[PDB]
Amino acid sequence: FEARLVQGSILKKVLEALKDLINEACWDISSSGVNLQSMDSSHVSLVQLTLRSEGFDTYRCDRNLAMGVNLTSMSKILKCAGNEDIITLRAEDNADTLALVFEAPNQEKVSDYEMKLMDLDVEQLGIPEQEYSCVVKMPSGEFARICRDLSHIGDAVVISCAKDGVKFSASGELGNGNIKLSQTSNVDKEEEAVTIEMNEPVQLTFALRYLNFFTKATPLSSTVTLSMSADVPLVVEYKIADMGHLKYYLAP
Amino acid sequence: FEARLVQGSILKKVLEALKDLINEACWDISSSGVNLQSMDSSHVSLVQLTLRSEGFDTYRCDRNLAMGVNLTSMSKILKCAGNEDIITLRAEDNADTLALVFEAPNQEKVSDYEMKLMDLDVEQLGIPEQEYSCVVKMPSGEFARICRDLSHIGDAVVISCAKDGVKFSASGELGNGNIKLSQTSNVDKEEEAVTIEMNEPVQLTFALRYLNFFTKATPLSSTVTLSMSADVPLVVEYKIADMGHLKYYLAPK
Amino acid sequence: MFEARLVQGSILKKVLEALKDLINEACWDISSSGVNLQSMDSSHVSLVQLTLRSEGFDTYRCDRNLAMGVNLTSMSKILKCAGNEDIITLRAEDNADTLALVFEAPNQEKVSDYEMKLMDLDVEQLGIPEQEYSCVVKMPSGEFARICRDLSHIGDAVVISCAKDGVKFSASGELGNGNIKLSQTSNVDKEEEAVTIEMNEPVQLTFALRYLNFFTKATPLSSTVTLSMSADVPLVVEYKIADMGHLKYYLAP
Amino acid sequence: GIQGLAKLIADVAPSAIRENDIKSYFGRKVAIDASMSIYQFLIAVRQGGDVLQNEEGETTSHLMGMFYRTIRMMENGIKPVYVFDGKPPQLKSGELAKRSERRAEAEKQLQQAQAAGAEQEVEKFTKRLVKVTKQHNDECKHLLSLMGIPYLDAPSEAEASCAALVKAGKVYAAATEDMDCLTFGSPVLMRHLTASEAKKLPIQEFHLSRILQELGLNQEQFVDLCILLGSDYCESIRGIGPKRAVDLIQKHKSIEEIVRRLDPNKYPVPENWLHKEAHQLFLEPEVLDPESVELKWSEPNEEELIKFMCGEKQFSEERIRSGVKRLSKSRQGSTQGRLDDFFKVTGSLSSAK
DNA sequence: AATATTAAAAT
DNA sequence: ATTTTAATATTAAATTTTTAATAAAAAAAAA
DNA sequence: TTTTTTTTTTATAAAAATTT
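Residue numbers (the deposited numbering), protein chains in the order written: chain B, 2 to 253; chain C, 2 to 254; chain A, 1 to 253; chain D, 2 to 354.
It is worth saying that the hints were derived from the structure and are not from the lab. Among the clues, some could well be false.
[Said to hold, decoys possible] The following label-pair restraints were derived from C-beta to C-beta distances:
1) 55(C) <-> 174(B): 30 to 38 Å
2) 174(A) <-> 122(C): 56 to 64 Å
3) 187(B) <-> 85(C): 15 to 23 Å
[Stated by the list, open to error] Taking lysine to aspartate or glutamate pairs in the EDC-like style, the calculated list, with each CA pair at most 20 Å apart, reads:
4) 80(A) <-> 156(C)
5) 117(A) <-> 94(C)
6) 164(B) <-> 124(B)
Here a beta-carbon is modelled for each residue, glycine too, at the ideal position from N, C-alpha and C.
Kindly produce the complete structure, drawing on both the sequences and the hints.
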């Protein structure tokens with residue numbers, strides 16, 4: 002295919018988010034946009050990347066190419082690329098190579114990188130849209146702070162969503178953390194505010210480690226949508242550059 | 002016991018300075034203030050930490066509390082606090098749970114941290130109050146730099162004072178070293194100057210690994226007061242911002 | 001009897017942090033004309049030629065041909081004792097086998113005399129001829145460091161090609177091809193970042209990678225790399241030490 | 002070897018037993034019984050049912066354990082004195098006869114297990130068959146002389162000479178695991194001195210002064226308590242265990258009072274019970290002179306250590322070579338002072354619930 | 001020379 | 001009844017070098 | 001210039017082996 006992207010830091014941040022969690026990924030790329038739907042390496046979590054074709058400046062996908070890339074290798078190849086680089090993704094149908102022609106932002110260095118695809122089972126799980134009761138829209142700085150600083154105590158976060166504030170409780174051998182966040186609506190720039198949707202008070206535990214690899218996607222967005230219900234695995238949604246979403250799912 | 006610290010970055014720096022020297026200490030928390038007279042696990046260094054009640058905000062202490070805190074776990078709990086964080090100490094009557102409430106500067110993230118305690122007994126040394134014969138006031142970054150770079154080439158400083166100034170000389174199997182400093186009463190500076198009071202030109206050999214553990218309090222005090230005399234241990238005073246001192250004692254070689 | 005007072009502390013720190021990764025013991029060919037070094041790699045593949053002429057020193061006075069050799073891990077650590085804006089003063093004696101390293105402060109506050117053990121080694125002072133090269137490029141040093149450390153992730157070899165419209169760096173590795181097709185940049189408005197190529201003949205043969213990653217630790221010395229090659233000859237990776245000399249690294253391909 | 006003394010001070014006066022780290026004894030000259038250590042190294046360090054030996058058929062597990070453990074005494078800051086064992090006194094004849102009966106019984110069930118044909122039973126019954134020899138202590142004294150550790154030869158049991166060394170203030174602690182060293186008169190005993198790689202075993206330090214303050218006794222009275230408990234120099238009264246011994250020493254304050262008022266039908270006092278001679282042995286043993294010995298920690302002779310341990314014991318050069326370099330690092334650290342020398346300990350408890 | 005324990009004492 | 005006690009069994013290690021994992025910096029990448 | 005942000009490097013705690 003051919004998919005130029007002038008904000009290549011977004012794809013770099015996607016791959017540095019997805020490098021440490023999953024390793025085999027089935028990039029089921031269609032003409033409707035780049036999307037990925039694969040589980041964990043230990044089959045506990047789930048990553049649902051979506052990169053729509055309206056966000057890319059140049060897009061060309063004549064054939065539905067479902068290819069498989071080791072994301073440690075693709076993470077190293079995107080670690081080569083610069084921050085302001087114009088990253089293109091190219092593929093040929095008959096030969097299994099994924100060309101990543103980069104562009105330095107002065108039109109003075111062109112970095113071409115072929116990627117060895119590998120055949121594996123294409124995941125076709127799917128998910129219906131559940132009635133997500135408690136939707137928490139916090140900034141990603143405080144979510145990275147909360148998960149990275151509740152990992153110091155325990156291995157499980159008891160997320161107690163309520164009417165006015167959401168509580169993040171972890172209790173291990175080193176103590177008992179309990180981080181409350183008020184529903185901020187007064188001191189914000191419409192990016193620093195935590196808003197919680199009033200449906201029902203929702204309290205169920207979620208493990209750490211995997212939630213730290215979930216919040217490894219912190220530089221992708223300044224907002225984290227935390228949609229959850231009393232039984233359903235939670236959506237940790239990262240809004241990808243207002244052109245898609247990176248959904249994370251963790252079974253409680 | 003209710004101690005609300007407005008500048009909680011002070012307490013973050015105190016337990017970062019207390020993280021590597023010792024791992025468990027008993028807090029002599031009274032109504033006069035929060036105190037910590039703890040000694041090294043190798044029983045060579047000492048920490049005299051004193052936070053007075055006049056430097057806290059709305060301090061309260063009913064009984065003479067004394068609890069034994071695993072300082073690595075307390076440093077992990079206090080590293081959850083931010084730079085502009087308001088830290089509220091709280092404790093009950095029994096030494097079981099130490100609450101560490103991190104009040105947000107904009108009141109949006111109240112972070113309650115109950116902490117499990119330990120029940121250990123530590124040794125207290127009776128430190129006399131005497132006039133040291135060589136009081137060296139130094140910048141904190143320069144004392145940090147002197148300790149961390151003489152430890153590359155040496156196992157021990159030989160701190161020599163004179164009329165000219167202090168002489169941090171280190172020796173090793175790597176190459177002989179020497180760092181000399183000079184007092185400046187001409188510039189009349191405030192934090193970057195070296196102030197040396199002399200009575201005797203003392204020359205004492207101190208272990209430099211423990212001085213690297215001491216230079217973790219450098220963020221707490223730009224002014225580092227090295228007070229020493231002949232065959233009396235070095236006290237390394239990091240004066241905290243108008244609360245008290247973090248005094249580090251160290252036996253000469 | 002030898003004095004090598006040099007005004008820029010950071011740039012001899014850059015030299016001795018550039019040479020700690022390749023070579024362990026190097027013989028500093030110190031003469032009256034200027035400071036030189038020439039030694040082969042610790043794996044005996046690469047060749048390093050450091051020249052620091054005496055014109056860019058602050059004061060210089062050398063009497064005899066002191067072909068004395070230090071451990072560079074040791075002199076690297078002793079130069080990590082230096083400040084960035086310090087003044088390096090290499091002093092030496094004749095009977096004494098110590099390379100003195102007095103580091104003057106940017107102010108007049110401290111001095112940092114370091115003696116050093118001379119682990120003397122007799123390397124072979126070979127005379128490398130400086131002939132013409134078929135490809136010489138002037139590419140920016142941070143950008144060449146990015147090319148080396150970012151094609152380090154794929155293979156074990158770099159296939160530099162001399163195309164007419166800019167130099168091409170390739171790496172056929174396990175993860176795939178790695179062809180940076182860098183372009184010819186002779187722009188006026190980029191004063192030193194312009195990729196200036198003076199090519200008389202194209203050439204393309206397989207180079208090394210781990211040694212090039214060792215070579216690009218000389219990156220903060222200069223903003224430019226005067227990279228030179230021809231057919232069936234060692235590479236030149238030339239780093240211009242301000243106005244003092246050239247740190248030419250050589251690579252056996 | 003007092004039956005039930007560690008549990009007695011653990012369950013009667015626990016303020017005396019202070020558990021401490023191995024790092025917390027920095028700069029402390031301490032005296033270690035050597036024969037207990039040698040039995041630890043020839044019991045614990047085995048392969049395949051055999052003791053660790055060289056190619057000449059000589060035993061060398063004791064030198065291995067002594068070298069590595071004594072190096073681990075050097076990095077933890079403590080300064081070892083290896084008080085080697087000497088001639089035991091004449092009242093230990095029944096105890097050494099009981100030990101020889103135990104080793105002969107272990108030899109006959111070793112022959113029974115070899116007739117049955119096992120491996121773990123054979124290695125256990127030859128783990129019980131271990132005996133110190135004059136060449137064992139001779140080679141270990143040779144090794145500690147080349148390492149620079151001050152070897153001492155007791156004229157009695159070495160717990161007595163350790164107690165006389167701590168009694169003169171020459172060394173800080175008598176670092177034996179034996180209970181009898183407290184009764185010999187060590188003001189400081191410390192036990193479980195396995196200075197090991199991240200074992201974190203607390204050093205069970207026994208202080209005699211808090212024992213004699215808490216139990217309300219003096220030195221001869223604690224001797225009478227340990228004699229009634231059962232030493233290795235005389236038998237004990239049958240039917241008198243630890244708690245009854247604590248009550249009888251507390252309420253009669255002698256042992257001859259327990260002789261003169263006791264029922265012979267119920268608690269049988271033995272007629273051959275030579276308690277006064279063992280009492281005088283625990284008061285005044287045949288110790289070494291503590292003020293005439295050379296307590297110095299010299300520079301380790303590298304060359305004779307390599308020649309001895311690589312020609313006679315054929316040890317690999319890299320391990321003992323790196324061990325003597327970290328001995329050199331610990332010997333540069335060995336001059337480092339302690340803060341107890343300059344400040345006196347006032348708040349001994351500093352209790353936290 | 002140490003610890004555990006359990007039937008057997010031990011009143 | 002408990003708890004007291006003399007019996008009866010048992011062990012006593014310390015590396016260096018690898019295993020997955022750690023948390024403090026090295027050392028840039030970017031406010 | 002100040003502050004994060006990561007690979008690296010680190011002493012680390014468990015666990016294999018055998019140290020002769």
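Verification of the hints:
Distance hint check for residue 55(C) and residue 174(B): the Cβ-Cβ separation is about 36 Å, which falls inside the suggested range of 30 to 38 Å. One distance hint, 56 to 64 Å for the beta-carbon pair residue 174(A) and residue 122(C), holds here, with the actual separation near 59 Å. At about 18 Å, the beta-carbon gap between residue 187(B) and residue 85(C) stays in the expected band of 15 to 23 Å. Distance check on the hinted pair: residue 80(A) and residue 156(C) sit about 17 Å apart at the alpha-carbon level, within 20 Å; holds.
Note on residue 117(A) and residue 94(C): the hinted pairing is violated, with a Cα-Cα distance of about 61 Å set against a maximum of 20 Å. Straight-line distance between C-alpha atoms of residue 164(B) and residue 124(B) comes to about 38 Å, which puts the hinted pair past the 20 Å bound.
Going through the hint list in order, the structure does not satisfy hints 5 and 6.
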